[PDB]
Amino acid sequence: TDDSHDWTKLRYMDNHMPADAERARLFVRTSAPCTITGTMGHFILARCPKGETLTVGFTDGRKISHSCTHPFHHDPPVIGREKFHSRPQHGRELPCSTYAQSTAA
Amino acid sequence: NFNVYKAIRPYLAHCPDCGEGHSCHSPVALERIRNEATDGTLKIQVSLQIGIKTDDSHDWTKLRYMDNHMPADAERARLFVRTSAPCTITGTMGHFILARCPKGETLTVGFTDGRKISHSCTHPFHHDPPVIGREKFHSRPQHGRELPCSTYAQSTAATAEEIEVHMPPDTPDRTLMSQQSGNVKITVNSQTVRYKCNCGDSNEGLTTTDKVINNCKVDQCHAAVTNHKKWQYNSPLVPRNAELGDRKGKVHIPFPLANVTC
Amino acid sequence: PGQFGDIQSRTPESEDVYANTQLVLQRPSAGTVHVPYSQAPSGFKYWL
Amino acid sequence: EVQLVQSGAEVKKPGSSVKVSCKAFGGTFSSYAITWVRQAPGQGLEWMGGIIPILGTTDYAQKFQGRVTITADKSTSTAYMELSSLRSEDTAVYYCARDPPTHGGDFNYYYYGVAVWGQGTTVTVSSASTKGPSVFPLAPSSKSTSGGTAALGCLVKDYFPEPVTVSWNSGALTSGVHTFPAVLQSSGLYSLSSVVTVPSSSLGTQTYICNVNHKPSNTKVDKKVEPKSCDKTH
Amino acid sequence: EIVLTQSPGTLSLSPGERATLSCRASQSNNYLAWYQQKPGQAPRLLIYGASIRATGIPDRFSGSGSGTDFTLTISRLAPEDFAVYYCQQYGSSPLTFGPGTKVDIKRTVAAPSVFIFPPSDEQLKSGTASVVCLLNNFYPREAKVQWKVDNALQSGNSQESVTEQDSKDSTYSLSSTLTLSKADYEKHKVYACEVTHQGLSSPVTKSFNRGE
Amino acid sequence: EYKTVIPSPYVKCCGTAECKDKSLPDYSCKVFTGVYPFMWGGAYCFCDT
Amino acid sequence: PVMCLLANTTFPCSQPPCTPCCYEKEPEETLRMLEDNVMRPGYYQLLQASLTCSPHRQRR
Amino acid sequence: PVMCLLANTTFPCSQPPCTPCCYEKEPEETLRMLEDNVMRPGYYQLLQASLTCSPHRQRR
Amino acid sequence: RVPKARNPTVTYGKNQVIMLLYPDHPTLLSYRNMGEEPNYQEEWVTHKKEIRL
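Chains as they are written, first to last, in the entry's author numbering: chain A, 58 to 162; chain B, 5 to 266; chain C, 197 to 244; chain D, 1 to 234; chain E, 1 to 212; chain F, 50 to 98; chain G, 5 to 64; chain H, 5 to 64; chain I, 267 to 319.
Just so you know, not all the hints are guaranteed correct.
Mimicking DSBU-like on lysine-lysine, the simulated pairs with C-alpha atoms at most 35 angstroms apart in a straight line are [as the list claims (entries may be wrong)]:
| hint | chain 1 | residue 1 | chain 2 | residue 2 |
| --- | --- | --- | --- | --- |
| 1 | D | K224 | E | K148 |
| 2 | C | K241 | F | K69 |
| 3 | D | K223 | D | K131 |
| 4 | A | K120 | B | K120 |
| 5 | D | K224 | E | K182 |
| 6 | E | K144 | D | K12 |
Ranges of calculated distance between the beta carbons of each label pair, as one might list FRET restraints [stated by the list, open to error]:
| hint | chain 1 | residue 1 | chain 2 | residue 2 | range |
| --- | --- | --- | --- | --- | --- |
| 7 | H | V42 | D | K13 | 49 to 57 angstroms |
| 8 | E | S75 | D | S129 | 48 to 56 angstroms |
| 9 | D | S30 | A | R104 | 26 to 34 angstroms |
| 10 | E | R24 | G | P59 | 19 to 27 angstroms |
| 11 | B | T92 | A | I101 | 25 to 33 angstroms |
| 12 | G | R64 | B | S61 | 54 to 62 angstroms |
| 13 | D | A9 | H | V42 | 52 to 60 angstroms |
| 14 | E | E80 | A | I121 | 54 to 62 angstroms |
| 15 | A | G114 | B | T92 | 21 to 29 angstroms |
| 16 | A | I121 | G | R63 | 43 to 51 angstroms |
| 17 | D | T174 | E | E80 | 18 to 26 angstroms |
| 18 | E | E164 | G | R36 | 52 to 60 angstroms |
By construction, these hints were calculated from the structure, which means they are not laboratory data. For every residue, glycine included, the Cβ atom is placed at its ideal position computed from N, Cα and C.
All chains, please: the whole structure from these sequences, using the hints.
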């Protein structure tokens, strides 16, 4: 709320006043919990399992848990010729595209 | 023998997917997953050691990971294993975890590190249990018949299931060496070092105290910790100590495959 | 390989094994210590 | 901009628990990704693992939590370590004066910015009693210096603690003095030296002297200078 | 993994020249950045990389690289540009700091400078039979000390240490001492302080006698 | 259920290993050339060829 | 060339006439410098100045 | 029955040839004891006597 | 990084290859003639299967 850049914190609008809450209690889930992989200001990166819905949520300072849910059909496209589920030890490199984790302008 | 774990310690190993999509060296690498229990129970082998701690003693509230050179303690209360969704762990002793798992095409195992980081390792793994009988049911009913199946029994016994142990390979570390201008010094944080150079160095070898190698350029210097007084599982995905193999030893892996009704 | 009987032994406790899994070792991926291998999956687990 | 501030050096005994000081400013007025790096003399740099970006939870890297068993403060700009039960091998410059160090495993990531650096406090793990600067050589007896056209120097040995204050000929030659090396040794005692680089033709006009001062002993050094290859010594 | 390998371990240049430093790693993905240390001086940021770049000193630096390795170059070396130069990419999973490259602007070079002082004569009970060394001004560095006591070779009980450089001159240095008891400084008279540097192989030598 | 048994790979720095051939139920071994494996804290081998 | 305006007077986009600490010396007025022009390329440098502050410790 | 061996010597398995708490005293014992010796039917009891040693801190 | 499906167990016949396929996950099989008409065909295979081409 004081505009200091504390990584462990986030701020939300309590009626008319910005108010603080803990970063460690932010979550995003679809069919099951997503790995967050970067955040800053209004934005979150996440790696999510396949699912027909998305919700983001956080625990308030006053211990109450807020969430928001949108319908969002997530089913990421195949790379290459196999419908695999997590990267193997052994394989081939193929070209794809990624949101880079750096908060650069 | 159950208290073999005085002799052998956890390790880092190369995990394919540390939860964020990148491969890296992980305290939690899972070396084998096995699914021979027809009841759908799952036995998982991991580079942690659980049910023990540093100051080598059994403790069901703790596990030890390898904090790069030193084994280090963390709480069993924050171990997890999940597949498509959270598994319930049904037994943990040594390198071995039992879990009961929902159907899923991945296995990810993980824990919370003493410095409050969360670590995990994720493998592609098609967990789809065989059906017992003639109905693809999902959880056991309060009324039914009993059919023969098999289970990893929840006993940490002398199973006659055996895994071999070997001493580590020499563990390399770039921070064992510093360029003092014109020379490099080997430095010894109380683990004995092997070192080698080609800067005209006639005297490559071993030390248990800091040493200077004359004229040396840090690019042409190499060093690794060498007198390991603890052993490891001889996994793939860590180097062998020598071409001949190594001097061995064994561990009896817990949880034997009993036949039982479901 | 990978059909029923790709591993055979004369009794449960026998030390003899015949196996034909076509295990083929593969080059390790650059900058890593693993052993990758290709093999026909267990022909008994398929049969079950 | 961001700016960092620390205490100059800490005189500490081994086996103690010690605060190590910081405050941060310069365009922030409050916390922003503060972290530490620590370097023992003759080593390369090493990020002080107990302190990656600790501004709401205390860190460790992989390794650490040996004798470097440590916690670090989150509070407004005031990123103090408490380095606990330290040993002689932990004698180092502790650079708190360091840039946003983007972490990982921990799932969030940081800006590149303007960055920040600065001083690093010397935690001087020591137990030596205080001792004067040139009580080993130049205060009690003699000096001679066997040749070269500007090969003239002065000596200070087996002393504790720093800082010594030094000058040549009442400060008059400070235009041609070069301020020259010092060390802290494995004995827990310091050593220091100084030179004048003025050549034969322009030192030869002087009947010449040099001096040293040290408050932790309450002593003064003086000796007369007499070269072997100056213009006055042909 | 990754293991940041700075390719040049050490370099030397005239002022007016351009330096370039290179670093090799197995993958990069987030900004590794460049910082330097003159002996006893505070660091500062040179440059950031991996895809974007930003640089902290009013521009005479530039940095680039992809597909293999990552680099920093300094346009026209001139003043106090002597340092060890490092690159790094912070904590996370286990991965370590860069090893550093020494570079400097060239001296008006000469053969090794050496010191040959008496200790003190009154108080030999304190150990002032011991003879003290300081070395300066040599180039490049392999300046190991050699000693003689009354024209006999000695190497033992030596107070080995590393000094900071010649400051304004910025040439290399060391200091040490032969630790000796009492009586031999009173029986006898003579010493030599000597330097077996690679630039000469056979040493530079200084000597004195207790008669002066 | 077969078990595929795989000991730690032998990696030799600065020279060729060779196949220590033996009779085991479906034994195979292979020597892969020009490896440069990394442990957690450094390269395992001295050279990269 | 490129330039920025104080709703009337015009200047090069290295800083607004209010100088650093701008959002703390002309609060919210600082943002109207970006209202009635942001289409010229220089305006991210006016933003860089407008939201940078110079407390007593700063010394580059 | 059958028994264990070590270098020049043959001896019964269930107490060490080195003094008890032998792994705590000389932890590299396995690097002499277990080159090819893993084939011994007594190795399980040699291991139990070596590590779960019933050391001088315990009682029976 | 993407996986490579493991080698099939192939065997031959008069103008045929017979391949036994072992997918760990849905895997595309494609084939074409190397002649003037490629007669391109494909399928995702999701379980162990024998193909005759």
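Each hint tested on the structure:
1. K224/D - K148/E: Holds, at roughly 27 angstroms.
2. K241/C - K69/F: It holds: about 32 angstroms lies between the C-alpha atoms, which stays within 35 angstroms.
3. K223/D - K131/D: holds (19 angstroms)
4. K120/A - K120/B: Holds, at about 21 angstroms.
5. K224/D - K182/E: holds (26 angstroms)
6. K144/E - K12/D: Distance of about 33 angstroms is within 35 angstroms: holds.
7. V42/H - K13/D: 49 to 57 angstroms: holds (52 angstroms)
8. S75/E - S129/D: 48 to 56 angstroms: holds (52 angstroms)
9. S30/D - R104/A: 26 to 34 angstroms: holds (32 angstroms)
10. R24/E - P59/G: 19 to 27 angstroms: violated (41 angstroms)
11. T92/B - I101/A: 25 to 33 angstroms: 30 angstroms Cβ-Cβ, so the 25 to 33 angstroms window holds.
12. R64/G - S61/B: 54 to 62 angstroms: holds (56 angstroms)
13. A9/D - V42/H: 52 to 60 angstroms: Given range 52 to 60 angstroms: holds, Cβ gap about 58 angstroms.
14. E80/E - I121/A: 54 to 62 angstroms: Since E80/E and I121/A have Cβ atoms about 59 angstroms apart, the given range 54 to 62 angstroms holds.
15. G114/A - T92/B: 21 to 29 angstroms: Holds, since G114/A and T92/B (Cβ atoms, about 25 angstroms apart) stay within the stated range.
16. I121/A - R63/G: 43 to 51 angstroms: Taking Cβ atoms as reference, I121/A and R63/G lie about 45 angstroms apart, which means the hint holds.
17. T174/D - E80/E: 18 to 26 angstroms: holds (20 angstroms)
18. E164/E - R36/G: 52 to 60 angstroms: holds (55 angstroms)
When each numbered hint is compared with the structure, a violation occurs for hint 10 only.
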